[PDB]
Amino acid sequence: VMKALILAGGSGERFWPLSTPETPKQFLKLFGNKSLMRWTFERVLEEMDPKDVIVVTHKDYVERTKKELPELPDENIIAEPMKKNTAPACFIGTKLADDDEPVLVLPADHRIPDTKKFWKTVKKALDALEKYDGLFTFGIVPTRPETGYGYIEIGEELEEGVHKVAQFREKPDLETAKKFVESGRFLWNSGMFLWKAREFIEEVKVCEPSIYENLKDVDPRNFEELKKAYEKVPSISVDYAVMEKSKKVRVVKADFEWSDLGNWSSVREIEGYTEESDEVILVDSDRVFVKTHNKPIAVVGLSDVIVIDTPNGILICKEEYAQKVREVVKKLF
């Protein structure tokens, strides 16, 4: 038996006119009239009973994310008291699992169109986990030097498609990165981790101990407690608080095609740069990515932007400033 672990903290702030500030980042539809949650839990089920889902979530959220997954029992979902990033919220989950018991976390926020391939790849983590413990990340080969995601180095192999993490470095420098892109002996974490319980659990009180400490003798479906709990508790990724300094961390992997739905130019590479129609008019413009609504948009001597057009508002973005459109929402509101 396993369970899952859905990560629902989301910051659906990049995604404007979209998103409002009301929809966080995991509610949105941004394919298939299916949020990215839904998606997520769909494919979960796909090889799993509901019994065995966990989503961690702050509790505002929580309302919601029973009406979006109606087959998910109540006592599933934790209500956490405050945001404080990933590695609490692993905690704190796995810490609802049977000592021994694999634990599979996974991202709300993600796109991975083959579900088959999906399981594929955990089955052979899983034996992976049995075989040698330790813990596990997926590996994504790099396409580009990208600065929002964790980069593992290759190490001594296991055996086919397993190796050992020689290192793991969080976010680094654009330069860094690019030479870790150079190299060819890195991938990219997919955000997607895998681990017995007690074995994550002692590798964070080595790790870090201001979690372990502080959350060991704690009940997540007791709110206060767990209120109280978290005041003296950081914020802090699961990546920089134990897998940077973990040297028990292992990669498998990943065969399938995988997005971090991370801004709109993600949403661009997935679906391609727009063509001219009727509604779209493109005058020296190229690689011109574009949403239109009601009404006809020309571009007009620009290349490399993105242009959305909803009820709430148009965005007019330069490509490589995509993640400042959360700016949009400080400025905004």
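Residue numbers count along the first chain shown, from 1. Heads up, when I say rigid core I mean the largest set of C-alphas that superpose within 1.5 Å between the two forms. Compared with the form deposited in another entry:
The residue that stands out in 170, 199, 208, 260 is 170, the single one whose Cα moves by 2 angstroms or more between these two forms on a rigid core fit.
Superposition on the rigid core between these two forms places the CA atom of residue 289 2 Å or more away from its counterpart. Annotation: Cα of residue 180 displaced by at least 2 Å between these two forms, core superposition. Shown in the overlay between these two forms, fitted on the rigid core, is a CA shift at residue 301 of 2 Å or greater.
Let's see the other form, the form deposited in another entry, since the form deposited in one PDB entry is already up.
The text that comes after this line covers the one chain and nothing more.
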């Protein structure tokens, strides 16, 4: 068959003060009248049954999860004891499928307007997997040189639009992101993945036993076991843990509009710089993304800043620095 793994187990620290530990980004209606998570399940449901859809989560957001995705079975929600980033998150999820069953790993913080373009891309990814095995990533074609994107360099072509990962890069300085685009053959690391359960779990033991050995004989739905094991599991991402080191990483071309709700800069790029109005007063200040809350905000003498007013607090952030909003959360919480 096929199984979709929805990763909804992070904090969404970079979206303070809208996102909190009590209410992470996954449940916010940033776009449309639907949450980030809801949009992801709907896109998935287009072609798949709910029975086939699995959500790896922190124990706290279980009840939240049941609300947003009522059609999801109670059993298909997995509750983690601790968050240790996307690497372990993938391991517990992949064990639930059949050994040879293809598992589509999806972040819940992606905005992909064209769901059919999406599914064509997942179909092609499905056939590539059958044809070459390995671990697939979905590389978005850059439309700009955005910092705060991981990148994928293209290796030897296998078939049209499917290549080996020549080089897996991260964290571009402003010029280093201009370098990337120029080339013609650097794609944005989407954060989506496709693999067959068995091959993936096999590469984890090779690449990251720290992960494997403590989770190989652990049942995912045993909370008290998962707890006991996660105490020895490292907090590393899928990418640093596996997708860099592994010698069978492939990349498929995702030729569609795609955005990652990573940091506040991403929301700006969607709806654009805020224009002056009764509630947002501007004086010698260009390229501002303000978000108001029943009282006006004036920015004077500042350009390329994010301003977000909330009952949780106010963020005032230079756009370049948007990735550091973690620090705020870390200190505050």
